[PDB]
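Shown here is a partial selection of chains from the complex, left in place.
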Amino acid sequence: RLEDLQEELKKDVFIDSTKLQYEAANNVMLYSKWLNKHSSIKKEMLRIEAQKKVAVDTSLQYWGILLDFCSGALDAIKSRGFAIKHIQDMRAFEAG
Amino acid sequence: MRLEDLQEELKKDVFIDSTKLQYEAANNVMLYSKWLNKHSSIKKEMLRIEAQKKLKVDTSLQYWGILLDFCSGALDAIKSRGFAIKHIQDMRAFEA
């Protein structure tokens, strides 16, 4: 369901400043997760296209919406990894 | 959604607080999530409208498209905002 993914990513992209080392590490796990989501959706869409090749239902278009969202999520997380690096650089800079 | 609400919201969102750069870098990912949800949600609504149709209604569809395009731009802006924060830090480090 679209809103579930929206909510899940919203939780995922948050960065806990107090635990930056964990967050840097966990970011790769997040990437794996959304890569799996993204990947599975492609499989579902393929199955529909295989079944269609048998010859009202907006299914395929709906999966497409999820697929694009997961693309955005993958982008967001890749971006998140960078933010963590940026934050550490700023911390280092602010010190002597 | 009202366009002007989104316009004003983005205008507030892209502001960069020079004094709180670490926060801004982390928060940028969250902003990306928010507008991604907006963009994502608009597509779902447009799908629903086209599904329900399957004269007044085909105007509505055109209006959401305007909102969809605005959110596309917002995602670009926010992505771009993230880069600016990195650019600003590099300049600061350079100046030292």
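In order of appearance the chains are A and B, and numbering begins at 1 in each one.
By definition in this document, a contact is a pair of C-beta atoms (placed from the backbone, for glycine too) under 8 Å apart; a residue touches a chain by one contact, two chains touch by 3 or more.
Whole-complex copy count, one sequence throughout, 2 copies displayed: 7.
Criterion: only the chains that are shown with their structure count from here on.
In whole angstrom, the spacing between the mean C-alpha positions of chain A and chain B is 17. Those residues of chain B that touch chain A in the complex are listed here as 21-22, 25-26, 28-30, 32-34, 36-37, 39-41, 43-44, 47, 50-51, 54, 75, 79, 82, 85-86, 89, 92-93, 96. Taken in their complex, chain A has these residues touching chain B: 2, 6, 9-10, 13-15, 17, 56, 58, 61-62, 65, 68-69, 72-73, 75-76, 79-80, 82-83, 86-87, 89-91, 93.
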